[PDB]
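Have a look below at one chain only, the form solved without the partner chain, in structure tokens format.
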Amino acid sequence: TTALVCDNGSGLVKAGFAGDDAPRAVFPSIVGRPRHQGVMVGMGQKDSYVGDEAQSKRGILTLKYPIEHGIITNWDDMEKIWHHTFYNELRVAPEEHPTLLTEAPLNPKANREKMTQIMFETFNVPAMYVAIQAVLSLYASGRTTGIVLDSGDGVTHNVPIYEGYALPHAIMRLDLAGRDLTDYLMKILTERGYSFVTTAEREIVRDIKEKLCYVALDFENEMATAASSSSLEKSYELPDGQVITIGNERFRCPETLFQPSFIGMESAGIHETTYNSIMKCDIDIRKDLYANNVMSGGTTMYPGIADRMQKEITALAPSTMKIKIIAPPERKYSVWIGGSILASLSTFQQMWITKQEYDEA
């Protein structure tokens, strides 16, 4: 009877049981099929690998990412991901559990209907629900009005929400997020003199990104500080034990969120798309959006990012406007947490679509 919560992203699946405070399973949203015929010693021929095993065996596979910019685009591979999630990761029988799934802002209705069909017809779940990721993040922060900045591995959105209603006319999408930042870090470390290009080197670069990068409050001053002293350098010990030093790359990498031109994209930065989204909303709700900017997603985890957003939005907003950025410590999982809270409410239990309803509709 425990509900499951599955939050499927472009880069990572976050899955677990409703009422838990964190997802039990977090793993790459990847399906890989062997490019050649053979076996691992003591194993039979495998048709495909999903998740961590696909990443660690990727050299003899072709990898597919069934979720692109947050939207499901390969249904056969998405089914494999869900099967792996239920049977391998959570080790549950799906016909025994109501299941909450999440979807991206602006997910087409036909996509939601296909998700629902698969859950009921392929997995035989007894009930299900689909929630919008940004609305769940807002709910997790204890608010029903605010504007969510959600930035993951593949996509960044701004989603204004008014009394629990995500306003789709005002949603902004930016096709720049964590995977782009990792690639850009690889590039600029390489320019410095390092050599980071292989699959494994990308794994290390992702780790350097997550451990040493931060958002400068004043980027040009920070560049000058990095040039005048060694105070912003940080050391990082590689798997083999050799230590390297990284300087202005630490803050140049996530600067790209505010200056997408760093990777040759002509788009407004996240502060500008936040402002633009608020400005698409009725003026009478804007005070509440500016005072409730909630950040969500792995790519909002950079130290400094909330302060820099507060500064940049203050520069754009009317001069007397109260501006507040809310960046929860658990915000890499706040979509999943909002889902876990919602699915575990006695109050919620009549919002489940049951298989009987699906049979009658």
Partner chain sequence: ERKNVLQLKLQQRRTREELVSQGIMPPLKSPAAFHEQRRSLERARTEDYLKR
Contents of the next structure:
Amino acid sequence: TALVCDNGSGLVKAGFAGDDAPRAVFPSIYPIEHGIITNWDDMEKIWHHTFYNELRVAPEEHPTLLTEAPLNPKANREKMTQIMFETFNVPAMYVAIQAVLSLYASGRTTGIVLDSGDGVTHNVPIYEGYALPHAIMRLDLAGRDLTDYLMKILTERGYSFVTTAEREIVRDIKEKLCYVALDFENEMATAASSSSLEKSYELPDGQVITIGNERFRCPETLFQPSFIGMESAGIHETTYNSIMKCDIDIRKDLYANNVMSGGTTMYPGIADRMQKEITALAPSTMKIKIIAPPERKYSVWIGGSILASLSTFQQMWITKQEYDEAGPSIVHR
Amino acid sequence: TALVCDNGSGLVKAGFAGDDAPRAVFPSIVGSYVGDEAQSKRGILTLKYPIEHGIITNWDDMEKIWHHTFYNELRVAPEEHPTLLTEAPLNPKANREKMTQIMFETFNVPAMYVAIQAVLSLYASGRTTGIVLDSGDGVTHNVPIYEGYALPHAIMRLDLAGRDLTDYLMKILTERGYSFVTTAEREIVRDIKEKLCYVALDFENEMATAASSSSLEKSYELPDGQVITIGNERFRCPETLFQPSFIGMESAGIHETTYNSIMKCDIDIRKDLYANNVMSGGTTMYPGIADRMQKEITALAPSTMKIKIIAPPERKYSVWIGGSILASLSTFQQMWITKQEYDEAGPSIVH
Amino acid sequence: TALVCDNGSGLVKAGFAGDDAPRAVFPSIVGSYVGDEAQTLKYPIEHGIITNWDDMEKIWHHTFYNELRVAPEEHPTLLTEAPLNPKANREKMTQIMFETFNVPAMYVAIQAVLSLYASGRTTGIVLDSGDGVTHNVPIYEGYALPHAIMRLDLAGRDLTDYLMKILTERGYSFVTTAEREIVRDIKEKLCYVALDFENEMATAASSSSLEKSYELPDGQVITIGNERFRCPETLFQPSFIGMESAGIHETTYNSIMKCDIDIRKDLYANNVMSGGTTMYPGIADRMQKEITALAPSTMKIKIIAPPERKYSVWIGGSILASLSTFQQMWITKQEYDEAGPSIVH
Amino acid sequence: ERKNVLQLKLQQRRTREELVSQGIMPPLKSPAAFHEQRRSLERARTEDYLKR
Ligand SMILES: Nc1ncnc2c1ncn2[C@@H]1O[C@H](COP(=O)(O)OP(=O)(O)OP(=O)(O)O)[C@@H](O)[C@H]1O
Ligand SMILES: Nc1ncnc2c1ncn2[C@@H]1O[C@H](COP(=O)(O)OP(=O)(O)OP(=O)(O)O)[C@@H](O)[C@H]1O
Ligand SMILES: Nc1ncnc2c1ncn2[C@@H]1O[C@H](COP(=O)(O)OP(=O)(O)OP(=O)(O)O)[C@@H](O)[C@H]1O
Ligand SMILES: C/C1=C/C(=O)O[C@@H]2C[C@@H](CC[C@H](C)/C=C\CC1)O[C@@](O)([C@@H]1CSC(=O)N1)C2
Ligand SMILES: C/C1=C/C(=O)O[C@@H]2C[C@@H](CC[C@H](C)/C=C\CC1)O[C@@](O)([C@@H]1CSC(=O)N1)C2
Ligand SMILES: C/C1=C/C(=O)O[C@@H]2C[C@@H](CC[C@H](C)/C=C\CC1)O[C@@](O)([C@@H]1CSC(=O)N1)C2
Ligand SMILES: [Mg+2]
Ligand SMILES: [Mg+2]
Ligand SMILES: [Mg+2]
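Having seen the form solved without the partner chain, the form deposited with the partner chain bound:
Expanding to the full complex; the earlier chain stays at the top.
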């Protein structure tokens, strides 16, 4: 049996090729920033924890597939492969791009992915299983950011939230009460006219806070980065631009296959919002389909599982023999 | 800002001077309704192609397509933009006169220029000398060019191109057992072509391989779920480009025509040509074509001659891009036929 | 495949023409041991110039054989060099490449230029600021305008030293070489450029919002405040470390103003920042504010600071070296054999 | 299940080489990302040429 390890900036999703969902999901504590490994010691630690604590396996007995971010430096994956083979004496290993695996989980090999987790967001167009690197769009606005923003504007409402623990509480509030407005201005107006949009949340200390327009002002950032002082464009605009950087002939194939994946895409309404905006941007004769499977917070991992189970995939593994002959570099081929 | 309009037999490529890829690309058909508008409403629409083999042959439907371009796809006021149109090698002067007229009178453009497609291709590659193979949906040309000027006597027209290769594909695909004959079925086959066809380095060797196994076999899903299997057909189709006889043409293949074209040029410039084969157009997009042309031209050309086949990935759009580039050049702005100039001189002034 | 070697005063960036990042990045030092292996220390490169050909031969060897794992005779190699690099120096570079490493072919390019290329431009002014030197290098249609280049011996290492000093002034002892590395870490992780220095100083006087904490390896945890910005402010106010020179904004400006007036607009609209010392948060905006305040009021100012920029020089190299059309620029071993070192010029 | 469909597709797919040749992928050893910028240079040079 093979292992599947989706090494995220906020959560590790680990499991066994085969399963419909990862056996283990635990905080990535932060060795990973914005999707890139930046502390190999703490990373070795996290991997060790994964193999020995959460999965309860002998790494030398399992081929292992790890995920990686779009735009991940080759030196990076080389270091990954090395650590895998030398530190954990794994039999075989493979590294795959997250967005791609997301796409695979949806039963596609072509389309554009919006992958947005805790620390980074990507638009990754993909044709016949290959990412079009030149069209990828990184955006350093994600889960953690939206949480911080929530702490700020919540404070502005009168509630103090600033400590690390207070930050975790706010994150809970976010996941449980935030959502994307179909129309931001209209929603703000409604929020001004009544208390229908207002919801209540109980803190651990019993006290019970009330959150209103914040509920959707928060995720609104994903579309209006200026809210947190970013000069960048919104996820809709980046999707669009990404498509518009792709060979025009395949753009239709892209438009008809928007796959959303990751924790920060879980907001109710985001799908529809993206449909409305892309529609407003895209040619009027183009078909737009936004795919947001309920499973999607784990779709990257699932993609991995699926890929790794395919008999036909078994010929893609970098084996310990192959590593022994060729060295880290072999991962690139 | 100027407009750039590459009016092809199958696709219109329109955009703004300065951009590296045309803003709009749509079928050159008028069902009245244009483009994908016409593509959707197929049941109620009858499709016609105003451009055949690179030449405009229906000025009414052409006026239509242009209108669509300006007003629907580009969203501009034609009177506010100088416009550069493309044209085919061997385009009759009367033709360009009619173009200029329609441009100035029907669309009240401020200024306009007409350029030869192959040439613009060449420009996009940063050259002003070399021979172009321009092969689109309805016609193929070998156009030798020296210091920006086409050598008309050495041009070679060949009425074998994209659409032809698609038809051939429908035929031999049928011969394999799959029915494909209706218009829609033709579009599906075209998809198959673009996605699965390629040129063999060596036709006979490839046929042998295709006989010995299923490595060359690939699968394609039709819209109705059913999934067909295509093998040697994958490479026989575009081989046509080298063996026109396959579809009953007495003509020579694109390699031979390139060669002959060169051999009709002033011998002194031939080296300059050989070292600068530029391929452009949708029908040059087959994987392997470049290499094939290198092998064949090598086999035909003197053994002391250097052969370079240039096939930029951008090439399906290189004509248009050439246009863009040309039109952006400050130094070019003095070449535009202005509405004043037209007013004084009449259509003829384009020449 | 070709090699790309950005030989810096502090870090070597080496890789393969064809890649988006350099495969290897290691300290430009020799202790004999080279690069990270070596971590008494020598820096063969000072202020962008090679000044110890033996240790340089060493570092190159390390690059080829240790970090890249290649046979130099099998790879065309592009090396970078600094603006204002002497004929003589590149002469010795070339000689060493062909004779000591029997490379098949090689090319030398100016760092700032490659930076510019990585941004998809062939005209504009570059501020390239690494560990040991800073340059303003105006470039018109691919050609550096040598007369308008501005060298400034104030860079990364300097800002680190300054940080050690003023940190000490706060009460924290930092003076040893190792202590210097620690401070460099602190710098990269906590320093930033104020949009305006006086306002920032005032804020730093009024509260502890600007204060940040850093953990040393020995567990102890220090607190750094206004120093966070006092440090980089040096780039704009060299007097802070007792330099009579002007700041990077003023040098950019002056550089432009030494250029043929007609191309100045082209320059203003294309300020490309590259190098480790340009990585401070806020520097871009600062440069926008200052240049704006200096430049004509009808001029458009654009400061381009790609996230990739600490490696943009190397990337420029990669790109240049991959261009089919470039392959005709390589100095070949044959060409060298006929013409001698001089041929590089 | 899903895995079966994905497998189907994965088997009947083009090599990066092919896709490059059809102009969907960039080369083919030429910083895939940063392609935008390479193409940008290319275009520049050719322009500088044509004006000259
Ligand atoms: N139901 C939800 N609604 C909104 N946000 C959510 C929800 N569930 C999780 N999140 C957010 O998703 C983010 C993390 O998810 P994810 O696991 O995809 O990050 P990651 O993949 O590990 O990080 P990265 O993608 O940057 O490598 C967290 O910020 C979390 O707050
Ligand atoms: N990957 C591909 N493989 C095979 N054929 C392709 C491919 N891509 C495009 N084509 C073909 O190229 C043809 C279109 O080329 P293009 O649109 O540039 O020329 P055109 O200007 O419309 O026609 P023409 O040059 O004859 O006036 C179409 O027939 C199309 O099917
Ligand atoms: N995030 C950062 N903030 C501030 N400085 C940084 C940061 N990252 C790297 N540096 C500094 O950049 C310097 C080295 O970067 P760089 O690789 O550009 O040097 P170099 O190019 O080899 O030197 P040179 O250009 O002078 O020849 C170091 O002084 C280092 O501390
Ligand atoms: C329940 C849970 C949610 C989560 O995703 O948390 C992960 C990991 C976490 C690490 C610190 C936290 C206290 C440890 C585990 C939390 C795990 O940081 C995050 O919450 C960050 C910090 S704020 C935010 O929104 N994301 C992401
Ligand atoms: C997708 C596409 C490709 C193309 O180039 O098609 C152009 C224009 C097109 C118009 C008819 C079609 C139903 C409308 C649009 C299809 C355009 O017909 C073509 O496909 C014909 C049919 S087979 C062929 O190669 N040319 C050429
Ligand atoms: C992490 C790192 C940064 C760096 O660029 O370091 C490069 C090279 C390095 C060489 C000696 C050092 C002890 C070895 C490795 C450090 C490399 O010193 C530097 O840090 C110098 C010394 S302090 C400073 O700011 N630059 C520059
Ligand atoms: Mg992730
Ligand atoms: Mg054409
Ligand atoms: Mg440098």
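Only residues modelled in both forms are compared. Residue numbers count along the first chain shown, from 1. The term rigid core refers to the maximal set of C-alpha atoms that superpose within 1.5 Å between the two forms.
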item: Sole member of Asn221, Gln242, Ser261, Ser228 with a C-alpha shift of at least 2 Å between the two forms (core-superposed); value: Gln242
item: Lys324 CA shift between the two forms in angstrom, with the core used for superposition; value: 0.6
